[PDB]
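Residues per chain, in single letters:
There are 2 protein chains.
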Amino acid sequence: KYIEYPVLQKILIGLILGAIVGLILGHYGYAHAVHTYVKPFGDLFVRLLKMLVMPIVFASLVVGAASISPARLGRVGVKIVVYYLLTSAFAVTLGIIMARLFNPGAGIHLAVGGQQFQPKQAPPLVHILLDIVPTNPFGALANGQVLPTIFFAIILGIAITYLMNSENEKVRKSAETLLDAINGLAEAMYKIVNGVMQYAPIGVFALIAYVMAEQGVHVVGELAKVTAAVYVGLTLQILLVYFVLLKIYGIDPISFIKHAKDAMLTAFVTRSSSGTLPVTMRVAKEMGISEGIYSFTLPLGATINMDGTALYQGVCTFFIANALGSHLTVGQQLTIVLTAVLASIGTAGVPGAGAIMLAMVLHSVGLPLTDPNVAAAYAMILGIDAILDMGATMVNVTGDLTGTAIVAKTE
Amino acid sequence: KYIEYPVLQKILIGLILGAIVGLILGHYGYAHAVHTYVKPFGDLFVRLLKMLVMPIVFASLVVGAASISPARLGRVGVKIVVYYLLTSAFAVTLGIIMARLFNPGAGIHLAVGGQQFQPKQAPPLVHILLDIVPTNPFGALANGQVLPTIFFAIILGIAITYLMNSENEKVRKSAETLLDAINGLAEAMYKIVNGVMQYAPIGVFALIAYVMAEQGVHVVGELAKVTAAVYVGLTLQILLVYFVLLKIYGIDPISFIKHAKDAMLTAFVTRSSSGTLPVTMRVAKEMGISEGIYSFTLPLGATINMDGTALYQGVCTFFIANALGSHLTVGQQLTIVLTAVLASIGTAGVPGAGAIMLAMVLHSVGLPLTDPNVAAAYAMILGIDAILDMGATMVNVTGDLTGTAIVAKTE
Ligand SMILES: N[C@@H](CC(=O)O)C(=O)O
Ligand SMILES: N[C@@H](CC(=O)O)C(=O)O
Ligand code: NA
Ligand code: NA
Ligand code: NA
Ligand code: NA
Numbered sequence: 006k007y008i009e010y011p012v013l014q015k016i017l018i019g020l021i022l023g024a025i026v027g028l029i030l031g032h033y034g035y036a037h038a039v040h041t042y043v044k045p046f047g048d049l050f051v052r053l054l055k056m057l058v059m060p061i062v063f064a065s066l067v068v069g070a071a072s073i074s075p076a077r078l079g080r081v082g083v084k085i086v087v088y089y090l091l092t093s094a095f096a097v098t099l100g101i102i103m104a105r106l107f108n109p110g111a112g113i114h115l116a117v118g119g120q121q122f123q124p125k126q127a128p129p130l131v132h133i134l135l136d137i138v139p140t141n142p143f144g145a146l147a148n149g150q151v152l153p154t155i156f157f158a159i160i161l162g163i164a165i166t167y168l169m170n171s172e173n174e175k176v177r178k179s180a181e182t183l184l185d186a187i188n189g190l191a192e193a194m195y196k197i198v199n200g201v202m203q204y205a206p207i208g209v210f211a212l213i214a215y216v217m218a219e220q221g222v223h224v225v226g227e228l229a230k231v232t233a234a235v236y237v238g239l240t241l242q243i244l245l246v247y248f249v250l251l252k253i254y255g256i257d258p259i260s261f262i263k264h265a266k267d268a269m270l271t272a273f274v275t276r277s278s279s280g281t282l283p284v285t286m287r288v289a290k291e292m293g294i295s296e297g298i299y300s301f302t303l304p305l306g307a308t309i310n311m312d313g314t315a316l317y318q319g320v321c322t323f324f325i326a327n328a329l330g331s332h333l334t335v336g337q338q339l340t341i342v343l344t345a346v347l348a349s350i351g352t353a354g355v356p357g358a359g360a361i362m363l364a365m366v367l368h369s370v371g372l373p374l375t376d377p378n379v380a381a382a383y384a385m386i387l388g389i390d391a392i393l394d395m396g397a398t399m400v401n402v403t404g405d406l407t408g409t410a411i412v413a414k415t416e
Numbered sequence: 006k007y008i009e010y011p012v013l014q015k016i017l018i019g020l021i022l023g024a025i026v027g028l029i030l031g032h033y034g035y036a037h038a039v040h041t042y043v044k045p046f047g048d049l050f051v052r053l054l055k056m057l058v059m060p061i062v063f064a065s066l067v068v069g070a071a072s073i074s075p076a077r078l079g080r081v082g083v084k085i086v087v088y089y090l091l092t093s094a095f096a097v098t099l100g101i102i103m104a105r106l107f108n109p110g111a112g113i114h115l116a117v118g119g120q121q122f123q124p125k126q127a128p129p130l131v132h133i134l135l136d137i138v139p140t141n142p143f144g145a146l147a148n149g150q151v152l153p154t155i156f157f158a159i160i161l162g163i164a165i166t167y168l169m170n171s172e173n174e175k176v177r178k179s180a181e182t183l184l185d186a187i188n189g190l191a192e193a194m195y196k197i198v199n200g201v202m203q204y205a206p207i208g209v210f211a212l213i214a215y216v217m218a219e220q221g222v223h224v225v226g227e228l229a230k231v232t233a234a235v236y237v238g239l240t241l242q243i244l245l246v247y248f249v250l251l252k253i254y255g256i257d258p259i260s261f262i263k264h265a266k267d268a269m270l271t272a273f274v275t276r277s278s279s280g281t282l283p284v285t286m287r288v289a290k291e292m293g294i295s296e297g298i299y300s301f302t303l304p305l306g307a308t309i310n311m312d313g314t315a316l317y318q319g320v321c322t323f324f325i326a327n328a329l330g331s332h333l334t335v336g337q338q339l340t341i342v343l344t345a346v347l348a349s350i351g352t353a354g355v356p357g358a359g360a361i362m363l364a365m366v367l368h369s370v371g372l373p374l375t376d377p378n379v380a381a382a383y384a385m386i387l388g389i390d391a392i393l394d395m396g397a398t399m400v401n402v403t404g405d406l407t408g409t410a411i412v413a414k415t416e
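From first to last, the protein sequence lines are chains D and B. Adding 5 to a residue's 1-based position in the first sequence gives its number in the deposited numbering. Adding 5 to a residue's 1-based position in the second sequence gives its number in the deposited numbering.
Calculated from the structure, these hints are not laboratory results. Misleading hints may appear alongside valid ones.
What the hints assert, rightly or not - Cβ pair distances, simulated, as ranges:
no.	chain 1	residue 1	chain 2	residue 2	range
1	D	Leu91	B	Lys125	48 to 58 Å
2	B	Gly112	D	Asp257	47 to 57 Å
3	B	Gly112	D	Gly144	51 to 61 Å
4	D	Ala94	B	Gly112	34 to 44 Å
5	D	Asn108	B	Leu91	48 to 58 Å
For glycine and all other residues, C-beta sits at the position ideal for the given N, C-alpha and C.
Model the full structure from these sequences, guided by the hints.
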């Protein structure tokens, strides 16, 4: 019945509108009314967007690992990793350098005096690794499990490939029937990801409707100071790092955001990298990148490369050490970077688990969570949370896409 | 080996000493060190003093109610009742009127905006009263239950009395044997409360050792203002109301405080009205009050009459609303008073359950505990808490003694 107004109009139309409906209804104390009446529409959006992730990631990866060289996954990968880490590491120091320039937390006097302690630590690495190799891939699918799905689809595509250069040309028949139908699916899902996305307008209005009602109010004083240093910091990653890394790798910076937003805007309002993926992937395809690349740099990036989390993780770690007057200085400044990289790689792909991860990075330096004023300050951040989360996610994703496009213009 | 230096010299000697040991050890980050090594001495003290409560309350209340008129119990009770309420109600207004005088919370900016909600409420009165009637008095003794014990000793004493006025003079013999031996106990316990109390010097050193270690450092900025306004507010409940209500009822104010400290320094350091009681009761006896009074106005005021708690509960509910900028004004000002009374009468007799109770009084007004900045501020308060609790408990008990002395000077 629009009939069809263009999507990046209606999407950008509901965003700036529900942000104002949300802020008005929120600051006039209705946020519960908003979480009753509006919310479930901003839910249905993310609902449909999830529904696809499991097929579209599995299907697209079988195909894409079939239609690329085992040699080249293994190069594109080592590329994306050493690119992913480097971007993540930069975003922390670009966060420290924003909480140094701004000063959130300082000017709330609240010091405390006990640590470390002792303390503990050790990411069980061995177990996280053995874990990407699933033991029932039907299983893996059947309940979320994207990383172990990846490592199957990659193993499968590689084996089908091998089936096609085999002597007996009965199996190459089967090998095709499979890989055709698998592509049948993948392709289908990219059609559904357009379906939803005509819902996006509504879903986007009704998401920042709720996120702005129930947490805009908290953006105040020293908390407001944490927003600005984070926001001005994230939109300094975009410009100082991506556009530069796109310009340098000779892919058009402004045509790149021209690919979009779609995934830039579903990342923002959903605050779910995993829920974004379908849209994130359909703007990899639609921008021409190769499937044997994008269907493995994007589902890995959707978890491992959260530049926006490990930035707020930088500047939040500063706020809570500022509010206690604990000056962190040389050694810790450097062990924030390391651990907030860690903490984001790290974080899960869903809403504010980055904030829950923020605990791992605090404990890394002095302050331990148990001390009331520690926690008092953390609580405060846990009220400005979903407001940070929006921008955090939109860069956690935009760094995945630039990671993809810049690796694939080298391959 | 002292051999025996004076107690009110060594009691007052450790307090100013350990509070400097504590603060020096604390701010140098050792609070754990002090809770590992010091603390258990502070404990032993409260261990011993508790050991006595159950007998000394029961034993003395059987006696004193046998040694007074059912008539008189009747009058003293209702006297102390509308006395305690009257004191409790004033302390809140003396609190508000301190948090209005200072300004704790204002100057920390952090507003919030959902309520009420809905909300709930209703102390199950029916059940609390029905409860003062125990169903195994042996039981009630054998596990804490001081209020149900009270109601037994009171009915036991009156029944004994009655047996001494009965025709058969075999029963007046048994009635004597009993009441005698019962007083045997009571008397005994009052000798034991002296035992311990020669330990108190150590006990007192080793309690503020830790409380000051583990919380002193939190007394800073906006929190430091909440302390001062409670503290200067508490020592203004002492002069303005007690010394005036002692002066007015023909009992010497400085010779009242001379009675002590004993119960005044067991109250402060332990932060347990219940734990204090033996020293609170032997300061009733040792100051000449009649058993059939004090042995029923102390174990009752020990729970019901908590002026100091309902004083901080007023000035803490202000802090949290002031840090949110939510101004409370006419009707709330008055529905703090009723509720912070309720909350203290209310509170249990043990350390910082008043700080937990502070919730009830927060809920009564607008702010709900679910909102991060509510909980953010409350947390801060939960870090200055046993520092408040000290002064709090010393005036929960001081008003229990003035409530006894001025009622028995009228009986
Ligand atoms: N919800 C975020 C994680 C975070 O930063 O809290 C994401 O999808 O990237
Ligand atoms: N600790 C206090 C109770 C309170 O005010 O928290 C008492 O024993 O009376
Ligand atoms: Na991501
Ligand atoms: Na992550
Ligand atoms: Na009391
Ligand atoms: Na009480």
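Hint-by-hint comparison with the structure:
Distance hint for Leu91 (chain D) and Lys125 (chain B): a CB-CB separation of about 53 Å, consistent with the stated range 48 to 58 Å. Distance hint check: the CB atoms of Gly112 (chain B) and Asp257 (chain D) are about 51 Å apart, consistent with the given range 47 to 57 Å. At about 57 Å, the beta-carbon gap between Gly112 (chain B) and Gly144 (chain D) stays in the expected band of 51 to 61 Å. The hinted range of 34 to 44 Å is satisfied by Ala94 (chain D) and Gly112 (chain B), whose Cβ atoms lie roughly 39 Å apart.
Between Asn108 (chain D) and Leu91 (chain B) the Cβ separation comes to about 50 Å, which falls inside the hinted range of 48 to 58 Å.
Of the numbered hints stated above, none is contradicted by the structure.
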